[PDB]
Amino acid sequence: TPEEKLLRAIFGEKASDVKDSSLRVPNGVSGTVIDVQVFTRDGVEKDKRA
Amino acid sequence: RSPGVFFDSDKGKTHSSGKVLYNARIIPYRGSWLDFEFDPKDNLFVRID
Amino acid sequence: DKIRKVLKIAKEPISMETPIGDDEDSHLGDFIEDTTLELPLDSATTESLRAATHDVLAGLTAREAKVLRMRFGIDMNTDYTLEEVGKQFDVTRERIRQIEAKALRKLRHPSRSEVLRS
Amino acid sequence: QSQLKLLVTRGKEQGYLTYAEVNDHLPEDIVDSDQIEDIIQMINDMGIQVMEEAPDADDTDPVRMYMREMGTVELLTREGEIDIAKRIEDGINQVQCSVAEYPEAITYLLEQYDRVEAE
Amino acid sequence: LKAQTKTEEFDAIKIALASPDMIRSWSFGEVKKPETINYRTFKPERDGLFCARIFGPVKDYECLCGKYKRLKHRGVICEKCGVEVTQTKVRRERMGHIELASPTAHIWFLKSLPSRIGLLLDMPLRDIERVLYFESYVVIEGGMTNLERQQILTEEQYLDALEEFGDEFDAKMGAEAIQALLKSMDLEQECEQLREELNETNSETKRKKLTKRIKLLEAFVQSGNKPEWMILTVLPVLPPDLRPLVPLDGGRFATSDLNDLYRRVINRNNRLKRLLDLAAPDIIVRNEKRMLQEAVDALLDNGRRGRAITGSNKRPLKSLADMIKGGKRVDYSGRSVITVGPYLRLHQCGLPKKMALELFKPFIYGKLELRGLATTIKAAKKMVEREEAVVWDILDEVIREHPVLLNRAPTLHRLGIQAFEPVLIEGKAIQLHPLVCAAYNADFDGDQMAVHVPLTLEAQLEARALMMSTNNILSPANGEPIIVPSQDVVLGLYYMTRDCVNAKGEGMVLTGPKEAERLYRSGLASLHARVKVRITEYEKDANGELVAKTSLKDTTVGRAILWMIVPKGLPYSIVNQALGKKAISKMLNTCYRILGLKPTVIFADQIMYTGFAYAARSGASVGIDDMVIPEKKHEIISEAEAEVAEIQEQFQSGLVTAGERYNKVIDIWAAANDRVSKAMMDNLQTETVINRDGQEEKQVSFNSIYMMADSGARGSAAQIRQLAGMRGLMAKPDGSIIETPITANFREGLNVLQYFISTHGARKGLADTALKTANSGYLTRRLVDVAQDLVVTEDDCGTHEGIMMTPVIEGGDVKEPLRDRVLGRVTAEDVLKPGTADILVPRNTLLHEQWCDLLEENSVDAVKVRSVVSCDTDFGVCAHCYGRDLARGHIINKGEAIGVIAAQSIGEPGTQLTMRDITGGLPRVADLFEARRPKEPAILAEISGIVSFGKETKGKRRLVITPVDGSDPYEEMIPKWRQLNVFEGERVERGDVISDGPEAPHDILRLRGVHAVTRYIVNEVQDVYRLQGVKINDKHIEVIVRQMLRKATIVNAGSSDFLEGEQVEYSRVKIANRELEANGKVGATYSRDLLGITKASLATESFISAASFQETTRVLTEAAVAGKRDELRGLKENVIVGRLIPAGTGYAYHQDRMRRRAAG
Amino acid sequence: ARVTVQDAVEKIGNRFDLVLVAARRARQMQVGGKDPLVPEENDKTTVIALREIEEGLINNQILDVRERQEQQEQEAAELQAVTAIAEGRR
Amino acid sequence: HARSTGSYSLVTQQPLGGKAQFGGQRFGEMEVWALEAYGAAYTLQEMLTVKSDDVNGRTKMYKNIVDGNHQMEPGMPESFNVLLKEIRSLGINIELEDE
Ligand SMILES: Nc1nc2c(ncn2[C@@H]2O[C@H](COP(=O)(O)OP(=O)(O)OP(=O)(O)O)[C@@H](OP(=O)(O)OP(=O)(O)O)[C@H]2O)c(=O)[nH]1
Ligand SMILES: [Zn+2]
Ligand SMILES: [Zn+2]
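Chains as they are written, first to last, in the working numbering: chain A, 114 to 163; chain B, 754 to 802; chain C, 455 to 572; chain D, 222 to 340; chain E, 41 to 1200; chain F, 156 to 245; chain G, 608 to 706.
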């Protein structure tokens, strides 16, 4: 929207062609991470941390 | 309900007036139901499955 | 990978009227959320953004408000470029860009658009 | 007689609407999903008068009704088939001959041919 | 000069058949392809079930291809693809149609109880109407020779009849055949000739079918609908959004079953269209037509005949009808586990900090941006998302006087949802006032309640002026208080009385408040002595005001200090002089009736605070030695077992009837049980010895348990009897009773045997509880559905007649009086006085003026009172005729909602009703309201005459009684079975008993009278609540019985067509407009008819309200046939439409709009 | 009227009309020309209208009449513009 | 659980969540009985329209809230407009005429 185009133009565009869908801990609860886990697809570039 | 055959009651009012009307039933483990019941006119009917 | 995409076409597939949790009574098509709609909060923020920007371009000059307004195309549908604005304002290209840059210079203190960013 | 007297005399009013009763005292082929609604509609709701609207209204399947008209065999043999096929060719021939009589069909064929050679 | 063509305000909605051109009017294109979405591009096909040109665009403002994108072309269609680029919600509202080749019958108007296409044509449904359109037996469409007009012929008969005549009686077969059949039908000429023929020399041997069809034909012709529309030739299409195919998670689309149906019907219809262009074999094409019929019938309404399937699922496909034949989630709401909040008031509730934060989110935003702090709306969002201290203070401002209403799961009555003032509490649970914890029927087992936030301005005032807890002091069911103190508080105030002799007592006198200083400073006890003090009482009379009255009464420490809580008025002391039990509510009641609202509320808070505080001070507990067993227990048991031993020994040697010795020995153990119970009670009650001055005296046991029992606080005689005494006769699964009662008790040990016996009682108890709990609401639904339409209107009409109210007296042979059933009742007219004058005409019996009905002695025990049963009102209820019984002390406000409140109050105590010449229980209530004839109905004399035998068993027959006198005889039928009560020759009156058995309500209303039948119902429905001990005012029973007598039957000759049984609504309003219109001879006389709750609710004006509870498929169809319209005053039908309810806060809106709809 | 609100109903029968008129007055205060009669004391507009009704001022006829005066004030005092527009289309 | 405003289902524009917030509480027949008993016409008015499944209503009223105007400005709920299209989807026609 025109107003948003102007607004970003005032503070820097950086309008990446990507969105966001990161896993966030639900509002309210709080604790400590005790174990991580990653199941990669058979034929996909494995991750560093993985 | 355990397989085999047992005779049920159906006692009490089932068509007004009120008169017993007993009935037999055979329950298979793997098959079709085979029932035998009476009527007010004392006739015998059979229910397959 | 072609086979992978092939199996993504199989089946009818599933219908919405399928029971799931077996509550009273569950339906798969009842868990599907709408996404084409925008949040009422989002709508309110967009509205307040219009008013905010409509109130910010007031603290500018005519040969600067119209410049920023017309360049990025706001409240006028069809947005124009440096040439179509440079011809309607005598001095072409770079000149109209100078003011276009100067206007952006003015907006480095107000916090309205700043917080509206996020 | 049978259906009417049994339905009326028994259902007075069957108290808990004993459905699993008279549906077996009905003739024809059973276990249908058609006659099911015509009984749950008469027992209650419009009581008394509905029990008089039932008998007066009492005074089936695609495939089974398709095999019915298909039942008319009229099967054929090699002689039969060839006979029918012969009538076909006879009809077609007479039609083509009738078209041959039409001169404008020939001249039109000629005109469209010159159109073909003219690309 | 209005005539606007926009979407403005509507006063009514109309329902009727739709013409093929009518369907075209909705058509934004024609679906022609079974295709939905592309296999690769995932893009809507050209003319498929999800077209973009026909229906609506996928994205909001960008077209299919992409030639146009933004809002530049919102009114112009695309060049390459005619796609109107507007919104995406357009795809939700756009219709569309499919135009079939050969005609097709609508499944509803075809086979739905009565054959609408058949009965209108007078032709058998599944018999003839099936075989003639399934391509089997050709039918005739009018013949002027040999053949009639609607006979059925076979192909052989067809060709034979064609050879005999032909070319002059052409009549096709199939769908279009029935089409021409309905089209050729002339409703007008048939309406005339049928009226002629079905009236010529015919008794009651024909009149049935005659009046039926003629009314039906007249209705259809007057409806405006053409019989051609009965079978559709153009089938409309439901919008794609209402049956979408949305991609789920990682592929795997999700579509509706309607897409499968529409795809099938499209396929078969297309093949049918193609076959009617290629080679045309009769069998093939006719089959495809039957298959097209299958597809269409399946899409419209599956039901019904085998059930179409496919789609991999073994379950059927949800057709259009199945989606509309058979809960309103809302924003700004929440729920959590409840917790007791003693420090709270009566109008406050504990609302969690984080919970209240998320609830008033939008309000916090606005208030933040209002003051400052947050520069913008999103700034407020980021400011509350990051709970930054200051935001909380803002929260304390927004929730200041913004009421929040709480709700419990089991909503039986109006007090299920009550409003409170939000009070922030550092916690995640919701706290509640323990006083209104009884109205909710809520415990703290772990129960959880819900909260709603009144958004609208008038919605906040509605919650404050109506749903506020402070306005619900008295119960809507019974005038008695509902916020009355319960277990803990009452126990405390019971401990603040209880006069104990000596023990730091003595008659040390002081002056009220000063005594408090004495209590805290020890020295003196608390439960002494008695002791005397100066009480400054206050009373008023005649000219109101206040009159002081200082005196010296002999109270106690507790009574003195507790006296401070008592408000300005009240008789004082004497209310405290008693104790704490049931008068604890009486005091609250009198405080309300003599003072007002606010004083009663603060009085409630004070007595609650006091009760709790002193209850804690008391320290009443429950040790094992608190439940003292009687010493004579084993003695009584041995004596009882000795008696039963003698009886068994007698049975051994014959003598006594062994067949029923079981019953008499049960009386032995039962009597023994009463012996143990009486012994335990006489022991645990008094006891003690103390030592007053010169010692030796007796009071009543301070034994905790007894203190709990003699002060409400959940503790009954039966329970205590099981604690220390014994569990008596135990029930057996056979229904019989075991002849070996539980000799032991819970205080003692319990053998495995008797416990395995008690498990049956516990099992059946929980089971029966689960049944009646759901069955109670099951009855409530019927009650509400039938009554939720009448509202007190037209202020206060005239009329004086009304049921003569009299104290329900079983004292004929058992002695039991109840004379409080007259209060807040509007008097009929000056109900006399042993002398002269006294009672006025329309004077409502006040709470203090009902006590004046005791100054006229026990002589006056009969007063005529206006009731909702009578009342010459039309479509509402006179304010006077009703009463006043609410949480309010005054009469019911004009435009309330008597119906729902009545039904709720009736079905509220349904939870505590034990199901079974006395049925008794909830089932008894149901049978009484349904107006069902008994299994052995009695008989009455219709007309007063002389009883004589009418031919001893000459039928048939069975005896016959003929009461004949004055003129004309009557021949009743006695079926020998069951005797009589009146010999031959004797005379009887109009409605005398001649069977001495169960009476039928129909006969009572029909012969005895309306006052008699209503009196019967109310006095019979109360008798089942008497035993259950549930207090409920008679008004509500009279309310449901009011519309229970809604319709009647006219028998004479008038503008109404005789046999038609119509409601007294139109009847009375039309009979009043005929005596002075043209002539009183153009109208007949009516006769009230008793019909059950279900039968009454079945009949209703609105077709939408009817479409609610009863079978939608029926009502919607029959309402479609005749051009009916809801317009539109019903509560129920006005709820689903989403508008103001024609009652309460509304009404005025509906009243203005109702009068407004008189111009045209 | 933080707890009845019952003391206001006897001033205008039927609690429902009480809610309507009170909501009417509260609507005037929350948005538009405020100007309360009874002292605020930090109370919401919800209760302020009820307190006024309890006080004896601000009823149904009162609001209607003041609306009549409000209309006669906005219209009659600014007719110089409308009259000039009346000559627009003759 | 608590919900000011969140997502809605595609079929019926009714409140639901579990992905970021919580699907709002359900009213029902038992509650509409009470509201009718009290006479809270506007409470039920909002609770049946804007507060639930009124497409433009919820947004229009939300804007009225943040501005401190309250009021309502309601409209026909989609849970009835859909019913109109469903019944209209059959051979039967229903219309809402003015006066
Ligand atoms: N009847 C009536 N009461 C009012 C009115 N205005 C305030 N009150 C009382 O104010 C009392 C509460 O006082 P606070 O707790 O201090 O709150 P406030 O700070 O006083 O607000 P305020 O300025 O008075 O409006 C309530 O106590 P309670 O005794 O009721 O609660 P309960 O009997 O349970 O104790 C109300 O009765 C009014 O206009 N009419
Ligand atoms: Zn395009
Ligand atoms: Zn009346």
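Note that these hints are calculated values from the structure, not bench results. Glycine included, every Cβ here is placed at the ideal spot set by N, Cα and C. Hints may contain errors.
[Unchecked claim] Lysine-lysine pairs mimicking DSSO-like chemistry, simulated, CA-CA at most 30 Å apart:
1) E:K83 to C:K465
2) A:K159 to A:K118
3) E:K996 to E:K248
4) G:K626 to A:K127
5) G:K670 to E:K99
6) A:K118 to G:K670
7) E:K738 to B:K772
8) G:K692 to E:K407
9) E:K422 to A:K127
10) G:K692 to E:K46
11) E:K1164 to G:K670
12) B:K794 to D:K226
13) E:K1121 to E:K1071
14) C:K560 to A:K118
15) E:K313 to G:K692
16) E:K73 to E:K83
17) E:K622 to E:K468
18) G:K692 to E:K83
[Stated by the list, open to error] The calculated label-pair distances, taken between Cβ atoms and stated as ranges, are:
19) E:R1066 to D:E234: 28 to 34 Å
20) E:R355 to D:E302: 45 to 51 Å
21) D:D245 to E:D61: 47 to 53 Å
22) E:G995 to D:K233: 18 to 24 Å
23) D:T281 to E:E1012: 46 to 52 Å
24) E:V116 to C:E538: 49 to 55 Å
25) E:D61 to D:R308: 45 to 51 Å
26) E:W432 to C:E478: 36 to 42 Å
27) B:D788 to D:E295: 42 to 48 Å
28) E:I730 to F:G168: 56 to 62 Å
29) E:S1127 to F:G168: 34 to 40 Å
30) D:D250 to E:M184: 38 to 44 Å
31) E:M184 to D:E302: 18 to 24 Å
[What the hints assert, rightly or not] A few chain F positions that, by computed beta-carbon distances, are all more than 10 Å from chain G:
32) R170
33) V186
34) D190
35) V220
36) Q224
37) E228
38) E230
39) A232
40) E242
Going through the hints against the structure:
no., hint, in the structure
1, E:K83 to C:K465, "holds, 18 Å"
2, A:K159 to A:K118, "violated, 38 Å"
3, E:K996 to E:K248, "holds, 26 Å"
4, G:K626 to A:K127, "holds, 28 Å"
5, G:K670 to E:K99, "holds, 25 Å"
6, A:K118 to G:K670, "holds, 23 Å"
7, E:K738 to B:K772, "violated, 64 Å"
8, G:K692 to E:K407, "violated, 41 Å"
9, E:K422 to A:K127, "holds, 22 Å"
10, G:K692 to E:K46, "holds, 18 Å"
11, E:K1164 to G:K670, "violated, 40 Å"
12, B:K794 to D:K226, "holds, 15 Å"
13, E:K1121 to E:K1071, "violated, 49 Å"
14, C:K560 to A:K118, "holds, 17 Å"
15, E:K313 to G:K692, "holds, 28 Å"
16, E:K73 to E:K83, "holds, 14 Å"
17, E:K622 to E:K468, "violated, 36 Å"
18, G:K692 to E:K83, "holds, 25 Å"
19, E:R1066 to D:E234: 28 to 34 Å, "holds, 31 Å"
20, E:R355 to D:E302: 45 to 51 Å, "holds, 47 Å"
21, D:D245 to E:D61: 47 to 53 Å, "holds, 49 Å"
22, E:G995 to D:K233: 18 to 24 Å, "holds, 20 Å"
23, D:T281 to E:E1012: 46 to 52 Å, "holds, 48 Å"
24, E:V116 to C:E538: 49 to 55 Å, "violated, 23 Å"
25, E:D61 to D:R308: 45 to 51 Å, "holds, 46 Å"
26, E:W432 to C:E478: 36 to 42 Å, "holds, 39 Å"
27, B:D788 to D:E295: 42 to 48 Å, "holds, 46 Å"
28, E:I730 to F:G168: 56 to 62 Å, "holds, 59 Å"
29, E:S1127 to F:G168: 34 to 40 Å, "holds, 38 Å"
30, D:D250 to E:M184: 38 to 44 Å, "holds, 40 Å"
31, E:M184 to D:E302: 18 to 24 Å, "violated, 46 Å"
32, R170, "violated, 8 Å"
33, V186, "violated, 5 Å"
34, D190, "holds, 17 Å"
35, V220, "holds, 24 Å"
36, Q224, "holds, 24 Å"
37, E228, "holds, 24 Å"
38, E230, "holds, 25 Å"
39, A232, "holds, 27 Å"
40, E242, "holds, 35 Å"
In the structure shown, a violation is registered for the earlier hints numbered 2, 7, 8, 11, 13, 17, 24, 31, 32, 33, in ascending order.
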